[PDB]
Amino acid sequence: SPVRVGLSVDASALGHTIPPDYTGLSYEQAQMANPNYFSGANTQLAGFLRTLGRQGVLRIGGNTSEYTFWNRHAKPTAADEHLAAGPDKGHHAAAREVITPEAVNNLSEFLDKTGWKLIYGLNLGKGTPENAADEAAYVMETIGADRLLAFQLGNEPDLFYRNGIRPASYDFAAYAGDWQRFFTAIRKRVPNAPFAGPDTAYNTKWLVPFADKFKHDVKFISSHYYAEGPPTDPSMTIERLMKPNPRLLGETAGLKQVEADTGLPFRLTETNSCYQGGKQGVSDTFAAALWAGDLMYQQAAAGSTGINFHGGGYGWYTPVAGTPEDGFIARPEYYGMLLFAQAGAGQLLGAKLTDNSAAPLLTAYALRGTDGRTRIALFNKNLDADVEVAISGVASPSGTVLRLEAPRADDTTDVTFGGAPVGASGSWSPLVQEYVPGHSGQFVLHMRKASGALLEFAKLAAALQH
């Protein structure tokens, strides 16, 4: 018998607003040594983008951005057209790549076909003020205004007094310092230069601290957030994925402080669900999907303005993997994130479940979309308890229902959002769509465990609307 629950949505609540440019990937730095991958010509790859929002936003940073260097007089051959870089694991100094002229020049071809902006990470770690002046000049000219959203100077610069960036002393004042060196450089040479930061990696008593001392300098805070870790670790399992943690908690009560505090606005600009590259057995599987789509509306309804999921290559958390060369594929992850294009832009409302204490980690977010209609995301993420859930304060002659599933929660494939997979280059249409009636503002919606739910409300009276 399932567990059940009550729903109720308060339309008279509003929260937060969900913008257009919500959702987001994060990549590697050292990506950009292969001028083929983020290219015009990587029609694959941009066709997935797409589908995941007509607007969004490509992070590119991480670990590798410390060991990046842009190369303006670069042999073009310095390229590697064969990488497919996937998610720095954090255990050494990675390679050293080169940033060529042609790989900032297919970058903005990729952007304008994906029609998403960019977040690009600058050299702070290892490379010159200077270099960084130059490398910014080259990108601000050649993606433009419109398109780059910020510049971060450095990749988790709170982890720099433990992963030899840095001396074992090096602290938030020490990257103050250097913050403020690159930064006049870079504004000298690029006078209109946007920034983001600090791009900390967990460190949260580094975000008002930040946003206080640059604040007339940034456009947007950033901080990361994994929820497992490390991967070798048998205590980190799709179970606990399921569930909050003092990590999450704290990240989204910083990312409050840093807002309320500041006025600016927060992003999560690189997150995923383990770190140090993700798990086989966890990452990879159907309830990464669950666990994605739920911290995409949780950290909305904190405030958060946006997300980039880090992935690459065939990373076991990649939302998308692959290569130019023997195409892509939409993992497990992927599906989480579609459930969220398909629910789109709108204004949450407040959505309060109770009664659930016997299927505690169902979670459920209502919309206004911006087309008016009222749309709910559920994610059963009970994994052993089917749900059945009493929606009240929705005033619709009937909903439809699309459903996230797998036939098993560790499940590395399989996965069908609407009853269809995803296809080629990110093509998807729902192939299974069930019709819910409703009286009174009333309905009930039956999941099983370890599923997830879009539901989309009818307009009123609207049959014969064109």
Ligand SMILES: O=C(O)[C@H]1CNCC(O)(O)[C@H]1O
Second form
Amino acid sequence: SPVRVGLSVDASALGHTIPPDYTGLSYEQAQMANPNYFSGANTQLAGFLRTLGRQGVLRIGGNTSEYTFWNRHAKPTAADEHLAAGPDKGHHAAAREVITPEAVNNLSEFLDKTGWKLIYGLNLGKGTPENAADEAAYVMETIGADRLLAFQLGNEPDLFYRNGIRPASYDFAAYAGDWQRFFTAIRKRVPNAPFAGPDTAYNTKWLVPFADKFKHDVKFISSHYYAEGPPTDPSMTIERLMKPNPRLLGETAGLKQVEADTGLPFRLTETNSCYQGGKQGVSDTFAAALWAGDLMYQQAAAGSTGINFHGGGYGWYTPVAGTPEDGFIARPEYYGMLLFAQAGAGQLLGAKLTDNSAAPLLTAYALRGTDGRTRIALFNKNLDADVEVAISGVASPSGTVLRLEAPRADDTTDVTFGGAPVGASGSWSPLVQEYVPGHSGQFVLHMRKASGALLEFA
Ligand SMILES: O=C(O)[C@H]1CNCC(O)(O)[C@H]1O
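Compare with the form solved without the named molecule: the form deposited with the named molecule bound:
All chains and molecules follow, beginning with the one already shown.
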């Protein structure tokens, strides 16, 4: 029988207002070597972003940001015209790539077709300040201040050493002098250049002193997060992915304190399920839709300004897979982001679960939407327990449910939202939308194990 849980929505318990550009994706800077990829002509990839949000952020960076070399006279290799750069697996040095004005021209048209804003990595790992100044100037010239949210001066500088980019002795003090040199050079060329940093996992030895030192030089703090890894570790399972992650709660609390001490908001500029490109059997499954949807709400409730799920190529954890030549598809994780896209923006509300200790991985979020209608995003992340949710605190003549479903937690396909798969170019409409049982003040919703649901009340 289902676990019988109570959900109390409290319209007077005001949480954070979710911004309209909360959602986003992160890609490898190597992908900019292919001017066909981030292009006005990539109508397929553009459709997938527009469906994730009318407003959102495209972040370009990753380990490949230390291996990409902007040049004003560069042209793409014939290999570059066909490159699909998936997530760097973080074993060896990435391949050297060149970025061309043509690729930056085409990125502008892509941002025009998607309506999204840009976070743009610069090569602090291996490049020169003067070349970063020049690439920033061209990007400002072509993208504009309105669409360009921030430059980032290196990716995971705290990992440079492990990755062979700097010697073992490289520390925050060394990165701060590097950061200051790039910053100064870029500002000579681009006086209004916006920045974010330090573009790594929260920690005490890099992210906290970054904020204190560079607080007058940045728009916001940029953090990374992987739930799991390494992928060779048999610990890293769907079971563990469905559980609360105490490292995440701590880093989130670290970010809120930085915001208190410096006034700087925080965005999770690079995140996914499992690091080193993801884990087959975990990252590429329906479980990843429950994890991603849940994370978006959890970080929104904590006061995050937004999120950027890393992906590209056919990476195990990519929300969107494919190429201009072969087309694009929505991986399971995409469906978690689609639930958030359909909820829309508004102000988070109090939503308390009781009688739920035998279904402890059920999470719930209530939202007063910008259109005034109440919504509830539920993730039944229990792999073995069905739930029956008695919903109080909502007075409404009628609620509907869109279900986030696959026949098994580990399915790599068979993922639907609202009784429908995503189609070509991000096309989606609900084909199954049932009413929630009960009346004003007492709704009852069933959810099978390992399912999700979005409730919308009139
Ligand atoms: O999957 C991973 O480990 C990522 C970690 N951050 C940098 C990168 O995005 O390039 C990836 O290597």
